[PDB]
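Asks: Listed here are the chains, written in short residue letters.
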Amino acid sequence: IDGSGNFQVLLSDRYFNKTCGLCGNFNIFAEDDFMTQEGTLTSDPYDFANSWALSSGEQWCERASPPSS
Amino acid sequence: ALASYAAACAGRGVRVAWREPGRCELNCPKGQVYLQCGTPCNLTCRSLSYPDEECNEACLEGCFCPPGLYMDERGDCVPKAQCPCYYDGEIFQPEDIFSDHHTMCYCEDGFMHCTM
Amino acid sequence: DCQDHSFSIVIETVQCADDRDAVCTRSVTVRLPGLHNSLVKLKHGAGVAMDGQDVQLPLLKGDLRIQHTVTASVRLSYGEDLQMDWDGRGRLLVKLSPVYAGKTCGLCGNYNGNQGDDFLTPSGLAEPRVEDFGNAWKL
Amino acid sequence: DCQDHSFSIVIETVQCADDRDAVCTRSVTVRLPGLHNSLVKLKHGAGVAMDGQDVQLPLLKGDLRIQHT
Amino acid sequence: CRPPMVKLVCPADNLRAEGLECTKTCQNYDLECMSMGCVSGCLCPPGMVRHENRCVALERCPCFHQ
Ligand SMILES: *[C@@H]1O[C@H](CO)[C@@H](O)[C@H](O)[C@H]1NC(C)=O
Ligand SMILES: *[C@@H]1O[C@H](CO)[C@@H](O)[C@H](O)[C@H]1NC(C)=O
Ligand SMILES: [Ca+2]
Ligand SMILES: [Ca+2]
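Protein chains in written order, with the authors' numbering: chain A, 140 to 208; chain B, 625 to 740; chain C, 417 to 555; chain D, 417 to 485; chain E, 767 to 832.
If you are wondering where the hints come from, they were derived from the structure by calculation, not from laboratory data.
The calculated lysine-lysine pairs, modelled on DSBU-like cross-linking and capped at a C-alpha distance of 30 Å, are:
{"no.": "1", "chain 1": "D", "residue 1": "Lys477", "chain 2": "D", "residue 2": "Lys459"}
{"no.": "2", "chain 1": "D", "residue 1": "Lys477", "chain 2": "C", "residue 2": "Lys457"}
{"no.": "3", "chain 1": "E", "residue 1": "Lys790", "chain 2": "C", "residue 2": "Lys457"}
{"no.": "4", "chain 1": "C", "residue 1": "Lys457", "chain 2": "D", "residue 2": "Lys459"}
{"no.": "5", "chain 1": "E", "residue 1": "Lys773", "chain 2": "C", "residue 2": "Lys554"}
{"no.": "6", "chain 1": "C", "residue 1": "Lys511", "chain 2": "C", "residue 2": "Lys457"}
{"no.": "7", "chain 1": "D", "residue 1": "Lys477", "chain 2": "C", "residue 2": "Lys477"}
{"no.": "8", "chain 1": "C", "residue 1": "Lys477", "chain 2": "D", "residue 2": "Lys457"}
The calculated label-pair distances, taken between Cβ atoms and stated as ranges, are:
{"no.": "9", "chain 1": "C", "residue 1": "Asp534", "chain 2": "E", "residue 2": "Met800", "range": "22 to 28 Å"}
{"no.": "10", "chain 1": "C", "residue 1": "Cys418", "chain 2": "B", "residue 2": "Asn651", "range": "54 to 60 Å"}
{"no.": "11", "chain 1": "A", "residue 1": "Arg153", "chain 2": "C", "residue 2": "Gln419", "range": "55 to 61 Å"}
{"no.": "12", "chain 1": "B", "residue 1": "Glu677", "chain 2": "D", "residue 2": "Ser443", "range": "26 to 32 Å"}
{"no.": "13", "chain 1": "E", "residue 1": "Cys808", "chain 2": "C", "residue 2": "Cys418", "range": "30 to 36 Å"}
{"no.": "14", "chain 1": "A", "residue 1": "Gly160", "chain 2": "E", "residue 2": "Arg820", "range": "42 to 48 Å"}
{"no.": "15", "chain 1": "C", "residue 1": "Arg505", "chain 2": "E", "residue 2": "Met800", "range": "18 to 24 Å"}
{"no.": "16", "chain 1": "D", "residue 1": "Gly463", "chain 2": "E", "residue 2": "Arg768", "range": "48 to 54 Å"}
{"no.": "17", "chain 1": "C", "residue 1": "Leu523", "chain 2": "A", "residue 2": "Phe168", "range": "39 to 45 Å"}
{"no.": "18", "chain 1": "B", "residue 1": "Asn680", "chain 2": "C", "residue 2": "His484", "range": "32 to 38 Å"}
{"no.": "19", "chain 1": "D", "residue 1": "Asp435", "chain 2": "B", "residue 2": "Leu684", "range": "30 to 36 Å"}
The C-beta atom is built at its ideal place from N, Cα and C for all residues, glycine as well.
The following block holds chain A by itself, in its conformation from the complex:
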């Protein structure tokens, strides 16, 4: 994390074609990295990225929507 608040992660080789999270699967092809948690593929960013939310007791979350501005 910088002074500005920018995040960065650097993974290794032994996780090729195995990572699954929001930074997308780790593969050479750059066209199939919006696969939802159910295993299917979509095109909508928010439909893809609302499937990876985590809830923890007190904190409950709704469905996020793109800003209309």
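Use these hints to put chains B, C, D and E with the ligands onto chain A, whose structure you have.
Replies: Okay, now just chains B, C, D and E with the ligands, sitting in the frame of chain A:
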């Protein structure tokens, strides 16, 4: 007998009040408004899930709700974006998800947003 | 019933909550050969729909009764033996009289006293795993 | 219709209010040969019963619509 | 539609006909198959069951242990 005449007049365009405290005023249930013509093509949460069926209605003098709200299935008119979603026969609930084998559907506001 | 063919219950499940392991049930459909040939779907709300037509409760027929309950649910009944409960959000209970004491083939198992043979497939042998157990009752 | 036989309407009237001249109407039955042979009964409440079985509104069929207003 | 067995589409009275929705394989043969309504399609004749490739004689589909 009085209201039959008033209804006959309205078919010819004449609007008339004829109702005062001391006669048969509609005694509308609480949470609703007696207000005159309100062109009902909404005020039911069904109309939100099916937005493309029809809208050609005349004036009716019914019970309605303030212009920010909708009526619930069981009869209350409190909800705004708290009222359920309708789908192929069934009835779902705000913030629900399901995925059988073909489609992925959730429901935000009063509509579905099925994909696939 | 699996012996005299007097009823059959079939459930439909679909996955909820955008997650790998959360799988729910939508609807239950009951079949009663005594009532000619009746299909009585039970839907996600409190809905009942016999032979395709949504109906308004309570319902009375030759030996069948459907009716609301106090706590906003349904209650299907048949003559003195069968009984069901179903409230919207996938929670079904099914009571059954001692008349069908050993004659039942389904995902609930036959109805004798031993729980040691409850993974019994339609072929005849009992499985050791639960995964291969339920892949045998697909339609 | 009486010329092509497309529909037929019948009303049932009974006496009310324990008097000589107070007569009312209870129910209406409509027969539509277009819908095979459908009998729709309109009852003293707001209830509707098609072919003996009550229905819950709204109803949609071939060209037939019944709904609360 | 495709040989060597005959095809039916629908009688469509109130939809009892067993269409493509209910194809008796050698795992579903005895089960209480559902029927949402007749759908026009293709099927092997009644004295037959489908296997992974096509429909092969009833007396030769395996019985499944684990
Ligand atoms: C990633 O793994 C899956 C499953 O093993 C495989 O089908 C796919 O071909 C792999 N992708 C690459 C680029 O090797
Ligand atoms: C309902 O439809 C009327 C017709 O135009 C419209 O004026 C109104 O804003 C709509 N919504 C409500 C809540 O009345
Ligand atoms: Ca990728
Ligand atoms: Ca047992």
